[PDB]
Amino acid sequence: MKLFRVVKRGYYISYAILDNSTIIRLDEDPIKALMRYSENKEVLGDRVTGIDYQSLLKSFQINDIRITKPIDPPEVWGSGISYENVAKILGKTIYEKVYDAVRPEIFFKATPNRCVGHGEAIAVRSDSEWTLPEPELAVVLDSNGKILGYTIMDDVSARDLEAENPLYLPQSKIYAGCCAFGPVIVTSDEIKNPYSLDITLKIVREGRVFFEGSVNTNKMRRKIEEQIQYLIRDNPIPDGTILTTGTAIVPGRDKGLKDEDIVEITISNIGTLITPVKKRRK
């Protein structure tokens, strides 16, 4: 099942697309639907026609419906340094340290209102001169840390603020439009192997491919199971929590996002998440 959500005249409607391309209008809240599916693959709803999923992906809005975040994740957390000047501890950089350590990096990324969806704008802080998108596989979780599904997430990061001081990381990570995900959440059975997926990032500036890069999830060294373990340790998470699993695609120092850029992130078996960029004003 691949779950998406539209906003229509101020209210939400959730839909699921099945492998045979049939679309079901959901009876339940999408997080509840994902929990149910995780249990027995049951889906409550009616088959609908006239919902053009492919058009929604490309054009964002058809008539009075517009695609958005597939769920409202009560919490969003991130991991980093999970794939194969700077602050340093006894001559060794903090990033190299975490890479070699038993304990992975886990940080709080966003509340639901700080997240945006497919076709909506991500933001660059007014006081950042070097913000990069971070293209990542993300998991939707229940309160036990069980994986309810997979999605694409952009961990939008003010890399300059982070480089300035690791103590500025929260400021570099948490703000309005700091986070984007979708366009769908795919159930766990839609991804046979999460560690064999292609991730492609494109930054499009005035029609021009200003940056393009790809990585396969077979390069992830710090596994998701371990990330979840450290996330939930002494730390309860609500159903529908999203954990984003780090990035291996890092544009250069001259590749900072600017106003009206288009960020496109593709992941195998999920789709392509597309977000315009808005630079915040001082």
Second form
Number of protein chains: 4
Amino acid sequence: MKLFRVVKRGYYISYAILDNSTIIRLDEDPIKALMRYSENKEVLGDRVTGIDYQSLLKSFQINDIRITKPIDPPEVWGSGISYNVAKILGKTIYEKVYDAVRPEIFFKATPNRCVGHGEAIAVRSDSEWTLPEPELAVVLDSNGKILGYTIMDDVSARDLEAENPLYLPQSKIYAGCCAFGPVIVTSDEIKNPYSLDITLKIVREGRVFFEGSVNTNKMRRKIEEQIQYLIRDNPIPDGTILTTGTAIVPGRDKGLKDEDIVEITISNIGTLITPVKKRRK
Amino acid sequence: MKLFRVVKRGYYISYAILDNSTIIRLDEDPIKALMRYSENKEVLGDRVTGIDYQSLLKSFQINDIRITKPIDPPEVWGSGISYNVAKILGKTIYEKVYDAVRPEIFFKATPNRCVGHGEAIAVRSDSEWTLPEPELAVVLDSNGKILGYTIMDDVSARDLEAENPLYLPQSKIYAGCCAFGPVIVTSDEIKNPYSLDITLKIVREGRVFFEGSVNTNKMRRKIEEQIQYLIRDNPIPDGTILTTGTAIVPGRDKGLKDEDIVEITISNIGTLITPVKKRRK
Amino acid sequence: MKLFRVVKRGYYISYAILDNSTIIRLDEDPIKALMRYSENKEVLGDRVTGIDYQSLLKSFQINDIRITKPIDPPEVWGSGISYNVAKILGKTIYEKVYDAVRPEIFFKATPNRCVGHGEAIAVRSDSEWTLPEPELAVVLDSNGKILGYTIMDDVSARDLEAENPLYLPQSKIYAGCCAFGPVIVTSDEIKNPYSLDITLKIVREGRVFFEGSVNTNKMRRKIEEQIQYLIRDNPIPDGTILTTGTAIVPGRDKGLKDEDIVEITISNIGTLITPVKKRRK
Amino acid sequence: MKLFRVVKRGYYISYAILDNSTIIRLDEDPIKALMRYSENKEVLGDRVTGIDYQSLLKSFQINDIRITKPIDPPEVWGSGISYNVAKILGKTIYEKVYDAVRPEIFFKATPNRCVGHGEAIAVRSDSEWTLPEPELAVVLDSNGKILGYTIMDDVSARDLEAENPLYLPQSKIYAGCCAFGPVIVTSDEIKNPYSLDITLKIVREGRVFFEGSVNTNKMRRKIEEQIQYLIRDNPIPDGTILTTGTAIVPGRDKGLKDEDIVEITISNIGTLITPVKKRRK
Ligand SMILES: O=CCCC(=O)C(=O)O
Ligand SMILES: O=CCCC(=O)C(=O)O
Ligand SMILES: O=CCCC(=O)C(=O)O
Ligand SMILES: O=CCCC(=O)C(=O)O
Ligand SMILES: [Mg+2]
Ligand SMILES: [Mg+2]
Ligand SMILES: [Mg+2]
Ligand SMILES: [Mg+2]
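Previous: the form deposited without 2,5-dioxopentanoic acid; requested now: the form deposited with 2,5-dioxopentanoic acid bound:
First the chain shown before, then all remaining chains and molecules of the complex.
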């Protein structure tokens, strides 16, 4: 099942698409729905027609409905390094985390700092080099069970971070610092999570300013281990998103700018598209 | 005005004490109440008797009422360094932040990871050296206006941090990682914020295991500046707590242990007391 | 448009059927929906398939959905005589009301005393002669504007009434004293309200125990006048039902009994069917 | 305990006075509170000072608080005759009810048609002779257990009724047709319900236009019996008011008029005062 959500005259309506192109309008809250599905694959709702999922993907709105975040995730958390700066004993903090038993885990966002397909991501007013970070993300219940997968953009102000790692939070958490969607796919829609293509394109005035790709079979730090360290002594709410870290990193000249289009593709999920918007002083 | 809150048969009731020892039961939500006060000092409620604030402070419960967090703060954020590790060009990341224009700001907690007076703080199952960090904290509205002050304990797993700064989040954010109270005092209850005594005591089986004190006149990074960087491109909800960083740091042999009592005193606020509880595997 | 409602695992879902047999799942509350329609005929929802209105009519349930009252009407009111007992000066109270400027208006039910298609109506434990009263009913807004029409059964303990008119309330108001449905049709679905056939059948063990019919062109007291006296100094909530009085009255030997089936048909609306259930002592 | 309620800036606050003049602010909903009390006399709340019950009684408002209905009763029901018109076989319908096994019971009001101490009762635009009916009233739970007592004014358009008993509903049910308060007293505050004085005064421009009194020891139809017929096959919600019928009836020249003051006194309860307001066309 593939879950999405629209905003229609101030209210949400959630839908699920089945493999056979049939759309179900959801009865339940979508987080609640995902949970039921991971139990017995049962789905409460009515089959609808006249809902053009394919058009929504391309055009974002259609009459009085607009696509958006598939769920409001109570908490978003990130993983780091799963594929002239700070060093401990001539070893770089990043390569140290790469070896150590303990993976990097950071707080990414609250739901109101996230955005969805066809909404704008943001570049901090004071960031000189902000990069999108294309990542596989998992939707979790409170026991760290995987309720499904989605594309996330861990938008990061890389310049503020390289300046000092103690700025990582400021570099990671702010309005529009995070985008995800356009769907959440259920666990069975992905036979093997370590075998999917992730592809970033940046588009400047029609111009392909950056392109790059990589496969999840090149992920060192396994997802279960990331989940284990996330939840250790740390209770998470149902519907939490964990973003598993990126493997595609543009150069220092590829910083984002106002009006750019960021497009991210993951196999079996779809393509997340977000305009970029530079904030002001 | 000094605001506190109790839990009585599954429900909250908020009270305010006025300088003249008269207790008002609150009509409004306490965050909403704080906002009104910072506008015109008006307070909606009834004068109550038979509510023993002084006993509550000492004994935590009394009949069917128990003191707790004075508010549920939608977000808690921390400030760092306002008074053999990682270094950028032979300069330590901490001393670099100390000089730079940009202060350290980190995400501390969500409301359900916080606790109050007479409730237990926690030591991560996998932390070998967790220290309490006694700090002045401010309650904010969405424009970063100061609605009031309180004592906070930024409980931190210092060993996980010194191991690698990329572990700072894991070291800072977990169930019981944060305590505050026992009251929130309104802005006028503190004539000069840079002139107050902060005092930490740790108590092990009746034994004063650690004691230390310092005055806020020794704070380098001013509060307004911390607030400014917090809110920059980063929208905060009403009732957010910013904890302004600690100046009292026990040695490496002073790690917390199960059943310890942590007591923190700040002038004009009161004394926050929390048992400690080591988590398991 | 023709509105109905089902109960599915403890929750309601409202649907509307359009003349062309297409079913819309409702976005809004159905009372709210009716109001919008009487303004501009606009309907907020999604076209559904797999909802078998025609089967629901016949079989009441289907999988996990069951038909019921089309709305919860905040108030139900009745009209009387619009087509050896009590007399004022040798004139019978009923024939007096028939002549007078002022029509009879009585309080009929609250929503929890009403029932719908395929649910049981009730006969008071202490009633010896209870008759169903088949009537055209109107759904009203607070200004007494007609939002639509439906079939109502003003179930009445005629024996308690004929004994004394001061017992009329006891005779009219009790659990299961009132049934309506199976749809509410919008005002435009009925070109002329004074030109419709009403037909009562009572069914005892398969046996047609009573049958009778009449046309609304034989209604003396016009609906607008009934509405006018209802709302005079008497504010009604949105979604109130006014039942306009009956013209079909079985004899004294036709009292209802446990397990009877009451079936009522009105042109363009449909057929309301309710088992009967005698209460106990 | 004696329960009352005020309206303060758009919100309710309920209070209870104990015999010893101490006022408790209520924790619970007041209907819920009454129920608890009838179980074990336990009361959840805080003792308040600065709430001038005695002034509220006299002056209705005080600063930003105003007295009103003590509860919102989901349903109000009335009893009749418990102490040239319509006749069955030369016997008057009223004297027939007086003898019969079955008492009169009628639907009186919904909560939004009721008003309280110091609010205006209404006279129907089209009523020529409306009388107040001073009555003892009981607050009920769903099993018809008596949760307490209060004064009610069954305001009745006697002229519309005497014209035809089928107009009784129109005569009884309309905006402002019903007033009650100023308190609800708990069952133990009244040792013997059949031993209390009820006193009506009507006041026209300072002038005592009517006065009269009677004692409940002159009530024929006992309360339990009224309750029994009320609840028979007729489920009532918690907090229902049953008004037990009046024994004080002014003459045909004593019809109410705009600006009158109606004052009703019942022993151990208090004095209900309501201005009168004639409605228009
Ligand atoms: O700088 C630490 C964050 C690393 C990260 O976000 C990633 O690898 O995706
Ligand atoms: O390690 C960074 C946090 C510093 C801090 O919390 C403080 O100074 O209070
Ligand atoms: O007895 C009065 C009620 C009359 C009535 O309900 C009707 O005519 O439908
Ligand atoms: O006319 C019937 C109502 C009688 C009544 O309300 C009373 O006796 O109080
Ligand atoms: Mg990342
Ligand atoms: Mg700190
Ligand atoms: Mg009828
Ligand atoms: Mg009466």
